[PDB]
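Next comes just one chain, in structure tokens: the form deposited without this ligand.
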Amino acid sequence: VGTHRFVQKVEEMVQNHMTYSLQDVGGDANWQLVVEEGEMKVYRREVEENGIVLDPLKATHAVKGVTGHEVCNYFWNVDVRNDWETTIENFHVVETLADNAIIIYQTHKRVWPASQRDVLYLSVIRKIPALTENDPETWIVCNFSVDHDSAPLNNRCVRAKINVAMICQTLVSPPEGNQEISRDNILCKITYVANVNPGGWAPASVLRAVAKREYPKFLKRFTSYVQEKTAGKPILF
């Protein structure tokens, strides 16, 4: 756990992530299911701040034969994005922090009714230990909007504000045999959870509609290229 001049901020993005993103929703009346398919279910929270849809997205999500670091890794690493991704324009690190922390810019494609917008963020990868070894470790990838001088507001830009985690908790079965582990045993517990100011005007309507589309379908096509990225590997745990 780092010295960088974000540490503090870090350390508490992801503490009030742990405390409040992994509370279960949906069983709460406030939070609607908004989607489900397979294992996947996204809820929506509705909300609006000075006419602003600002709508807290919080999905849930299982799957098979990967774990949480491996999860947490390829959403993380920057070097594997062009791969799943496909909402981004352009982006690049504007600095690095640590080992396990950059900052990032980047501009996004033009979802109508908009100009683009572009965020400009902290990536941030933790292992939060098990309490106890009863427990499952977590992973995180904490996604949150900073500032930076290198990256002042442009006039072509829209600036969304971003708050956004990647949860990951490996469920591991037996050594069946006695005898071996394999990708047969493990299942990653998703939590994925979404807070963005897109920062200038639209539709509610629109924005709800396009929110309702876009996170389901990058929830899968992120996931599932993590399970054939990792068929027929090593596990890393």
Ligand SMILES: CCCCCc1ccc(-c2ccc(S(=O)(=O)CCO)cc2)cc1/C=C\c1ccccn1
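Superpose the two forms; the largest set of C-alphas matching within 1.5 Å is the rigid core. Positions refer to the first chain, counted from 1. What changes on going to the form deposited with this ligand bound:
Of the residues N155, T96, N90, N82, exactly one exceeds or equals a 2 Å C-alpha shift between these two forms once the rigid core is aligned, and that residue is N155.
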Given for the second form:
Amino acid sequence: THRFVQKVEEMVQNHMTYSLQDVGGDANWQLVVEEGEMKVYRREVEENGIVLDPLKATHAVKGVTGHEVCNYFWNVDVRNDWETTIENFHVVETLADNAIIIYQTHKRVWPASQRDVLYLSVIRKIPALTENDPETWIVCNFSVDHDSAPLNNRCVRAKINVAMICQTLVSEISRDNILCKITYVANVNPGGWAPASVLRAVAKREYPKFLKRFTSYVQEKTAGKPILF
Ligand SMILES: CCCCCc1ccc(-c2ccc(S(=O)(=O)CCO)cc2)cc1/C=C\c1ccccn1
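Following the display of the form deposited without this ligand, present the structure of the form deposited with this ligand bound.
Let us now look at the entire complex, which starts with that chain.
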């Protein structure tokens, strides 16, 4: 029980309600890039001339569990092993053993000014409602206000609502028989102004690169370890 428990519950529930839905049949999502099981979609949205384009991706990763994927996504201690777009990050506050508030700066993308972010990051297990449903592991990263926020005059403050939502299929269980189904959503307000073409090019390049890189990292770090369901 920290002061964000209720907000966390709301953000997680919204993602469970809305973000998990399959968008194969939904023409409102534009499928931008497909590489195998990796499917990356966006909606073209601008507010006050700033690109907000919602990002939604699915993926199916052999050999790892949702629990493992989420631990690796969440655990700050391995962040620098997979992240390629971060210049700096600091843990601002520990709320609980499954929740922290993080400040980070993104590498500058010329010619836009650098962005920073301040967000609560929480990892949660959502039990299968019925014996028919999969359990879900989720990480949610969403912007919050904080006082120990750094002054950084080089940066415009972006605001994010990201979730990595994982269900695991199992087919001695070996990694050969496990598949992790990922839905990843990112809604990013870059703040300020940045050229629309730049924001779209960054999204189109960096999201598939992240998903490929990050998932491969989890496969590589877990191979030959006992499975953490
Ligand atoms: C001019 C450039 C503006 C950059 C806008 C931007 C700010 C923040 C973020 C962001 C993206 C993912 C997360 S997370 O998944 O929670 C993991 C922790 O880092 C947190 C923040 C994205 C983006 C915009 C594009 C973009 C896309 C994939 C990689 C990098 N940048």
